[PDB]
Amino acid sequence: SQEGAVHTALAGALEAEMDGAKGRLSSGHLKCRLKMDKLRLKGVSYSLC
Amino acid sequence: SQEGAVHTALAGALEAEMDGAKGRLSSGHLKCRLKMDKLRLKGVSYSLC
Amino acid sequence: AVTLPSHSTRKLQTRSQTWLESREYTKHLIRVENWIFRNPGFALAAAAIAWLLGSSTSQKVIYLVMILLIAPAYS
Amino acid sequence: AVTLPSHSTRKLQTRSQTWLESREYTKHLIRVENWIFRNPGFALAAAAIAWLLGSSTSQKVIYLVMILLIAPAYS
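Chains as they are written, first to last, in the UniProt record's numbering: chain G, 550 to 598; chain H, 550 to 598; chain S, 216 to 290; chain P, 216 to 290.
Please note: incorrect hints may appear among the correct ones.
What the hints assert, rightly or not - With the Cβ distance kept under 10 Å, some of the chain H side facing chain P (calculated, not the full set):
{"#": "1", "residue": "550"}
{"#": "2", "residue": "554"}
{"#": "3", "residue": "559"}
{"#": "4", "residue": "560"}
{"#": "5", "residue": "572"}
{"#": "6", "residue": "577"}
{"#": "7", "residue": "578"}
{"#": "8", "residue": "596"}
Stated by the list, open to error - If you only want the chain H side, here are some residues facing chain G, beta carbon under 7 Å, derived:
{"#": "9", "residue": "552"}
{"#": "10", "residue": "553"}
{"#": "11", "residue": "575"}
To be verified - Computed list of chain H residues with no C-beta within reach of chain P, every gap over 10 Å:
{"#": "12", "residue": "581"}
{"#": "13", "residue": "584"}
{"#": "14", "residue": "592"}
{"#": "15", "residue": "593"}
{"#": "16", "residue": "595"}
No lab work stands behind these hints: they were computed from the structure. Don't be surprised by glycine CBs; every beta carbon is placed ideally from N, CA and C.
Work the whole structure out from these sequences, hints included.
So this is what it looks like as structure tokens:
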């Protein structure tokens, strides 16, 4: 049954969960630059409370 | 399960068989001195065929 | 099989914990410590095989430690 | 668990072959050979660390070998 040996051999590998065909990873990273040239401010031009 | 590990964890352990409540080992080592002073020769006093 | 290459060689690195993280430290230390505790005489044999090799003191102690590690794994 | 001490330590010796005898030799040899075939850069670094240690040539080659055997098992 060779299964516990594979389980302890998989030391240091990422876990993951799967529902349906899709599998959702649990760890990663991405690099996104944020073009904030069309962000406005809702509040300005309101009188103080 | 981790059984596959116990099968490889055992290397250099003797194989034994078991019948009922008893276990037969087939690899062993015994030391016996042989008192061969009450052996005779059956062939003595036989005519040559 | 018998070999089964360990995956900690290629330890996948990220913020989240890996499959078996909490076990690595005590894993290796426990294997070595138990093997030495079972067979003490090899400590003396390793001390001698170290002392015969290497000029300085630091080189001899490095030899002793490297032998006492390479034996418990029979690596 | 993870440790599971190997039994070849206490090899029961008799005329009959033991449980898994035909595999020991290639077991250890294959593990080390594969690990080295994956990462040669460590062979270079081990050569350097060996060369910076040890006065004579013999001690340097022995250091090379003992490092190359310790690292694959992470012992």
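Verification of the hints:
no.	hint	in the structure
1	550	12 Å, violated
2	554	5 Å, holds
3	559	5 Å, holds
4	560	4 Å, holds
5	572	15 Å, violated
6	577	7 Å, holds
7	578	7 Å, holds
8	596	45 Å, violated
9	552	5 Å, holds
10	553	3 Å, holds
11	575	26 Å, violated
12	581	17 Å, holds
13	584	26 Å, holds
14	592	35 Å, holds
15	593	38 Å, holds
16	595	40 Å, holds
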